[PDB]
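J.: Residues per chain are reported as follows:
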Amino acid sequence: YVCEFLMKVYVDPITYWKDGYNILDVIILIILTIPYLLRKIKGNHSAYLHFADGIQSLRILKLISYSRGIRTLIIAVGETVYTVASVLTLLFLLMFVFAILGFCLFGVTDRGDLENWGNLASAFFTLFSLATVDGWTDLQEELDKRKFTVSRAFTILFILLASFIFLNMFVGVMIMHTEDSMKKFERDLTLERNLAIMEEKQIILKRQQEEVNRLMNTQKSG
Amino acid sequence: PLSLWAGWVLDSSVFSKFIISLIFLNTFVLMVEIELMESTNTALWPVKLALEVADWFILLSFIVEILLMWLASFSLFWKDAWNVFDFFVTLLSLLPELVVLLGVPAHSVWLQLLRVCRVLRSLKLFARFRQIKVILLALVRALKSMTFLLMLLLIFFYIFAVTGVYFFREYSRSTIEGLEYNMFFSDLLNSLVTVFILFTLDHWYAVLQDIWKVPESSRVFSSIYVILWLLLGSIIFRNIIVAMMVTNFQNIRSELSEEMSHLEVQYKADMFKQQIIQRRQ
Amino acid sequence: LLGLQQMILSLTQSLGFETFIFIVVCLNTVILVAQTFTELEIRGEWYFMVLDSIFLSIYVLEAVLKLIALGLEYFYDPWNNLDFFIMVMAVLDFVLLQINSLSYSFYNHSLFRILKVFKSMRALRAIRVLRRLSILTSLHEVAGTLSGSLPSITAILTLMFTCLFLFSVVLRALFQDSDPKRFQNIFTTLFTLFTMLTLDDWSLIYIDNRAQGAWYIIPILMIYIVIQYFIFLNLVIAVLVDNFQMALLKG
Amino acid sequence: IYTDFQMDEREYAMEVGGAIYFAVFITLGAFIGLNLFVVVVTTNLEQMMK
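So the protein sequences, as listed, match chains A, B, C and D. The first sequence begins at 94 in UniProt numbering and counts up by one. The second sequence begins at 94 in UniProt numbering and counts up by one. The third sequence begins at 337 in UniProt numbering and counts up by one. The fourth sequence begins at 242 in UniProt numbering and counts up by one.
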């Protein structure tokens, strides 16, 4: 790996600063080399071990950095990064809105419901659970006993907004982004095949014209 | 005779009706016998043994069926299409008679696997409809198109599972007496099982609350890692597979559209050439 | 009562059917949605089955008027066939209540629940015969485009049924003498297969099977779960997406 | 809920009937709802793509 970074320490980093896969692999090399340099021979102040299998998995990711077919699939799906970032930001804003709403509805009163709509991190995790399908039943049994009858209505409104909107907008966005990405690629491939076909036909026509002209010239000179 | 007899018995509708009737009679009878093998109904005991020996008779019918299959190309049929899979399944279904005649099945019998295999062949050799056939062709051509997505799925599974083995290493390897999900993160195969569970996204809230019994180390790396893994893997792979199958349907219909388009322009050209022929006469 | 009576029946059927059927079935659904309402039946239980029986009498009047009506063509409407079965079972339960005496169990028996869901089906037919006016065209078009791809979804659900039956058979075969108290019979086996198909505590199945001595059943179950889940849901999703998509490509 | 209505008459009772009616209704309605959601999403998104 040190030898590979020595190959990638060339002037080619003028192309390893704007590209796709290339910045990914050199940054992977950096975040590989630094930690085990401070882990295998550590001698330092640090807490504990949580990045041995992680570092080896980054090395496995560097293994999978090959296979140009996966590179073409990555190219075909890499224009959805902005879209998934935008939907992730929308999810984060909605999560923040209902985070402050849940804290002010069940955590501010301080008559129970602690570490569910109480502390901010646990509140965020419970909202992420409730925006999915998991854990809604037990949370519902937990919240209805805190003298809040409208809490059930608020939670079912939150589910029917967040879960459906997030899941179905995501699947539709990716379905048609992938469809429109592959449509132009297939059309370009068929255009290239058609261009090759007409070039071959033109070559055949030129060869036939040359043969006819040669036969006519030999008939005239004969 | 021989191959001519196979052609005649496949041509005759009475033989086909008899064999399909026997097939669905066997499938209906098969589940009944496992319900009761006791003295609850003494009068129904010999007739239930008669139903089981009718199943043995259907195995004899499979024997004479492969006898009819010998009337076919014989040695050439040993390497063929899914018909050779049907032949192998019928051999595996005639095996239990041999393993109860000489094997004394007080052991790992595995008759259940061969039974469900012959039911699988029976549920597929049921004169499948064309509506089933077109969707089966679409499914097999789609999984033919599924060339690199499953590889990326298994490699993301591999890297994230082998990463998450030693991330909640303080969970299974914890001396807390009261815990019930400790075996989830214990072994590497158990890690594969639990990250597949996270991929299916069932009781992730209950799982995380059961990992909340770990001493809370300010949740700075581990909880965000598992949450990001489950959400990213689930949504990305679900979206990518529904997108690929939608694109498969799109290109199937596009090929259909171009094909009746070509058929229509061919028909129009044929009509024009028919008018030309009529004028030339 | 020949063809002349049939033509008179057609004209007066138009007029009287419209007026009387609409008003009495509106009142029938009013009293029936007042009936279910499992708080107001205690504010009642003496004015509820009285009006229920009165409007069941009106419904067997509808059946009688349809019986003397055009006849064979009346049986050519599947909704009318459903109404005929509804009225057959309604006169059956009415004479069962009328004769009394009897020798079987009563006083809110299971047969009483059978008659109650029969009354629910009658309420559904009342609801379906009040929507002759203004179903609204937008949801008409939405449901018509929804019902376009019927053979595809029927084939997919048939494949689901075959796969679920095969998985239930192989699991019950592999669950013999393996604490089968949850799935001791065919109904419980198919219901547990439904639970695995619907993401309901199959991780709980894994954790309470780890407490047992069998471990390879967890790989068998999970590979079956993932293949059937992915294949079936993706097939249905894509099929309905394209089903509305060619309608999207039109006007 | 499945354990809530469990053990009606411990073999079939209405433990079969109500459960199977409600379960097939649930699975049909859930599939129909999830489909109709994603298809309305892609239908209105095709308006964006135009």
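Worth flagging that the hints you see were computed from the coordinates, not collected in a lab. Heads up, some of the hints might be wrong.
What the hints assert, rightly or not - SDA-like, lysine to any residue: derived pairs with alpha carbons at most 25 angstroms apart: (1) C/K586 - A/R280; (2) C/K452 - D/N285; (3) C/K586 - D/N285; (4) A/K276 - B/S215; (5) D/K291 - A/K135; (6) D/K291 - B/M276; (7) C/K517 - D/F263; (8) C/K586 - B/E351; (9) C/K452 - D/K291; (10) C/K455 - D/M255; (11) C/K517 - D/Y253; (12) C/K586 - B/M337; (13) A/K276 - B/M337; (14) A/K135 - B/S311; (15) A/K276 - D/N285; (16) A/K294 - B/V358; (17) C/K517 - B/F330; (18) B/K141 - C/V506; (19) C/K452 - D/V257; (20) D/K291 - C/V506; (21) B/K141 - B/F170; (22) A/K155 - B/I304; (23) B/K226 - B/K237; (24) A/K276 - D/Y253; (25) D/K291 - A/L284; (26) B/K141 - C/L526; (27) B/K237 - C/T498; (28) A/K238 - D/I242; (29) B/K141 - B/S215; (30) B/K226 - C/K455; (31) A/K276 - A/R161; (32) A/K111 - A/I121; (33) C/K455 - D/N285; (34) C/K517 - D/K291; (35) B/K237 - A/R161; (36) A/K313 - A/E292; (37) B/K237 - A/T165.
What the hints assert, rightly or not - On the chain C side, residues computed to face chain B include the following (Cβ under 8 angstroms): (38) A459; (39) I463; (40) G484.
Where a beta carbon is used, it is the ideal one built from N, C-alpha and C, also for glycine.
J.: Next, verify each hint and record whether it holds.
T.: A quick look at each hint next to the structure:
no.	hint	in the structure
1	C/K586 - A/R280	holds, 23 angstroms
2	C/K452 - D/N285	violated, 43 angstroms
3	C/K586 - D/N285	holds, 14 angstroms
4	A/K276 - B/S215	violated, 41 angstroms
5	D/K291 - A/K135	violated, 58 angstroms
6	D/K291 - B/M276	violated, 52 angstroms
7	C/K517 - D/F263	holds, 23 angstroms
8	C/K586 - B/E351	holds, 18 angstroms
9	C/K452 - D/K291	violated, 53 angstroms
10	C/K455 - D/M255	holds, 17 angstroms
11	C/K517 - D/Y253	holds, 14 angstroms
12	C/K586 - B/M337	holds, 23 angstroms
13	A/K276 - B/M337	holds, 12 angstroms
14	A/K135 - B/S311	holds, 24 angstroms
15	A/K276 - D/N285	holds, 19 angstroms
16	A/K294 - B/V358	holds, 23 angstroms
17	C/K517 - B/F330	violated, 37 angstroms
18	B/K141 - C/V506	holds, 22 angstroms
19	C/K452 - D/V257	holds, 17 angstroms
20	D/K291 - C/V506	violated, 50 angstroms
21	B/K141 - B/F170	violated, 37 angstroms
22	A/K155 - B/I304	violated, 31 angstroms
23	B/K226 - B/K237	holds, 16 angstroms
24	A/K276 - D/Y253	violated, 54 angstroms
25	D/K291 - A/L284	holds, 23 angstroms
26	B/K141 - C/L526	holds, 24 angstroms
27	B/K237 - C/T498	holds, 23 angstroms
28	A/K238 - D/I242	holds, 19 angstroms
29	B/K141 - B/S215	holds, 22 angstroms
30	B/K226 - C/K455	violated, 42 angstroms
31	A/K276 - A/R161	holds, 20 angstroms
32	A/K111 - A/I121	holds, 16 angstroms
33	C/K455 - D/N285	violated, 41 angstroms
34	C/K517 - D/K291	violated, 58 angstroms
35	B/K237 - A/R161	holds, 19 angstroms
36	A/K313 - A/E292	violated, 31 angstroms
37	B/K237 - A/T165	holds, 18 angstroms
38	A459	violated, 35 angstroms
39	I463	violated, 33 angstroms
40	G484	violated, 14 angstroms
Consistency with the previously given hints fails for numbers 2, 4, 5, 6, 9, 17, 20, 21, 22, 24, 30, 33, 34, 36, 38, 39, 40, ordered from lowest to highest.
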